[PDB]
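Quick setup: one chain, the form deposited in one PDB entry, written in structure tokens, and binding and motion questions come after.
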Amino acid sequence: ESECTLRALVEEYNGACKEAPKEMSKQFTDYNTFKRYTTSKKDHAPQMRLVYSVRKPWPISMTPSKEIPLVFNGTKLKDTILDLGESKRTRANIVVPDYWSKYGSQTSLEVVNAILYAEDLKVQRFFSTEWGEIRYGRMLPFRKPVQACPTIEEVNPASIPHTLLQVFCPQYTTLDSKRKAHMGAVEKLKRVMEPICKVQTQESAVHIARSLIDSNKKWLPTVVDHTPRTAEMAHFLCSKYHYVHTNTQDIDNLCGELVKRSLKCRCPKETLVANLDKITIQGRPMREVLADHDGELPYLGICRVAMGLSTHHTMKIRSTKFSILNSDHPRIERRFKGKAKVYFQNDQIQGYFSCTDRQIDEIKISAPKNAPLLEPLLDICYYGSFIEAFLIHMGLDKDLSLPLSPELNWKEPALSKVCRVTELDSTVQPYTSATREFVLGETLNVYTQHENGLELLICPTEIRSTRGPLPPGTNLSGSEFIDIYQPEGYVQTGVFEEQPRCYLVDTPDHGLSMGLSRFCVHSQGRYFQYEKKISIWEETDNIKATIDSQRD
């Protein structure tokens, strides 16, 4: 009953007012400080006393109870004949859990399903994946950051607290906090945690719910070409001697396909692409739809940079991918200026080449034995604008110790070998220390920041793409590009610490529905009251217009 909960909350608050005069006169915000005082929870070397602890006469400490018999079949299970009643006072043998595992009360199967749901997700995710044959070989690690575990939804870390607040305690949230939450994630997480919260405390429930939507990336060595989506099963799928091929992948592709504004925005102005991101998928604004999908798609990267965010897209030609390790000057319109080292990757093929201007200083490659090397070297030459060929530019050497053959096969014996080509020594994984400073200009070309001059473009946006299906729930109503597709709001106007003369609604939900013109909500001892909006324009377009009015 709720009466029992209310009476237990009382005389606990009252209980913490006679034996703790202080710690109540302190400010409430000070909770952020004294919540960390968990002294007497510490201990040293639990592992050095485990054995002896298990073999003590009464190792287990438990709350007194009657479901555990005093003596069972000649074995004295508990030591209840003591100074009984001191909280965790009863002492029992190590066999009491063993007794309970066979003789004990049972719960409903629904409780068992709720308790094991989070772990069962992983368990039947493991057995739902097909394993290919093991391939043994020398795979050089790439050492990239990858997501630790799969998630039910992609939610940015900024919206995670708001999503959890909407899931668990909607009555203590504001409308601004509500609009920041991921609505679909809220609904599916509510469905998931409805049975779970009956068997888990609030702290454990929030922990599980956040574990179901958090990214939590980790740095691990992977295969350069077959990068796994999640590191859940990387301990046996990949290693430095063996690999196992799997086919399991997937909205991110749909979201990237949703980017069609960049196509019909080259002519008018660059401002339109940022101005027209006023659409809302489902109830999720396009501002918040991004920062949820950190993909490698070029159009998605262009949108993310237009939002002021970063992109992980790497320049990709045909099938190879390139990354500048360092360069004196960026590529100019493309050819290099000065010394430049570039890491290239193409399936198992990988390496780095150092060049000056349009002349290759040398190339280092780590390639499988008897592997063709036509397309990677051709793509390198196209990248550097070296040849207008490859044999003439690089030259021919009489030494037979060089690995590259004139036929461009790795470690193929021949009467002569291509000079300035050497086996790699683990130069892989180009690394950037400082976060890249992406800048967007006209024509929607993404540029980074270099020490000397503007750095070369990464998203060229002249590529040849498709017109795949758009993500469900797209709402192009607030946009001038409706051709892509094949009663007012409330302002706050008031924050008080005491109940106003308004009507207090239960949640932001069950509000905005009956249509009343004045209502409060509660949040952390404050009353945020919303009334209505009589102005017929929003704030974003207002600022846009007024800054446009300040032009020269």
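Numbering follows the first chain given and starts at 1. We call the rigid core whatever largest set of C-alpha positions still superposes within 1.5 Å between the two forms. First, how it differs from the form deposited in another entry.
With the core held fixed by superposition, the comparison between these two forms singles out 364 as the only member of 242, 364, 144, 188 whose CA moves by at least 2 angstroms.
In the core-superposed comparison between these two forms, the C-alpha atom of residue 225 has shifted by at least 2 angstroms. The Cα position of residue 341 differs by 2 Å or more between these two forms after fitting on the rigid core. Once the rigid core is used as the reference frame, the Cα position of residue 96 differs between these two forms by less than 2 Å.
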Second form
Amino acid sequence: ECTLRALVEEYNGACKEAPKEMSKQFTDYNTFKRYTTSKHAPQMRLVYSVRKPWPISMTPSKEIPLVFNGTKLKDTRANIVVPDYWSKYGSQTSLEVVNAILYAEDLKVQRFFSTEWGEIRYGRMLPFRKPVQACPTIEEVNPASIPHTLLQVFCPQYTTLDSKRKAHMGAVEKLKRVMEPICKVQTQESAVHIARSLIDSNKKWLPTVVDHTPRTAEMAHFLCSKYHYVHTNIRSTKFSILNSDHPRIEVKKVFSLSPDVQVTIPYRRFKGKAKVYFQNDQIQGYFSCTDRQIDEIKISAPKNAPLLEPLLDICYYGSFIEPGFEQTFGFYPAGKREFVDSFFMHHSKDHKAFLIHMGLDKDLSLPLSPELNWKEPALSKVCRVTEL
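The form deposited in another entry is what I want next, because the block you gave corresponds to the form deposited in one PDB entry; please supply it.
For this one, just the chain is written down, with no partner chains and no other molecules.
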């Protein structure tokens, strides 16, 4: 493929032309990417620039230099009128190309002309600015896994297992479907920008008189104001108890950072023996439960499937693993929310606690692997896990 030949030639030219710069470290890219001596703003030099004899800096192509006494090409530099000439008596492209060249904009326009606006009413209502998600997204993605989701969408082969783990699945598939044509027609940087704008959850301060849904927050500069308001129109898995000797307790532990400040974060745990049938998409099965340990787990999962998050859901259900329910994470939790999230991030980055709690077996007949994957070859297998 000639693209590889061009890449090799360009690399050789860069090495020969710029030896010292090529010898810099790769991590210095974040420094020398923005290397420019350009120093306000070019808004001043616009009215004069557009009226220059040859403002447009075009590339060598098939453009008529003189049409009806045009003088549109000097051979490059082009006249200001050639952008207008490419709107009539020019070359056209396929309907798929024009449909796929803009996708997010079509979604934003379609949402605007799809809502039944009510009757505008006027009053002394006072808006208070609150942080709400800017625009609707195709999927609910946290602001931390967006780069990893983008890496999985665009460069699946250049990634790491940790990056895949800290990436929202499901959104990747839809993004791939919606951006397979866009990446083909536009540039890589523009494709990345459109993708992030599709999935980014950027909390922006907006006027708020009533609770704004993500749809309403996008169009809020006219819905509400100081004098008027027009009115518009564990994670995913689930659990079910089958045989519980005693009912679930509501014990809570208090964390005392100082004698004057305390927090009450309650953790929910079983007692005696229990059996819960956990269901999550393709993952299904029931596992025996102890006071705080696990006796047996039965899982029915597709071959070579990621089985880390369902087990983390299981661990939170019974407060099984210690380092996230009694022993703090090294810092005083301000509230229950971030404690819930920080548990699922720390214990997803590393899962040593689960392996220590359940133990390791030296045989290979056990299906589940220490990397929390279903039915894969490994040098060792986690114990006390079977299939239905």
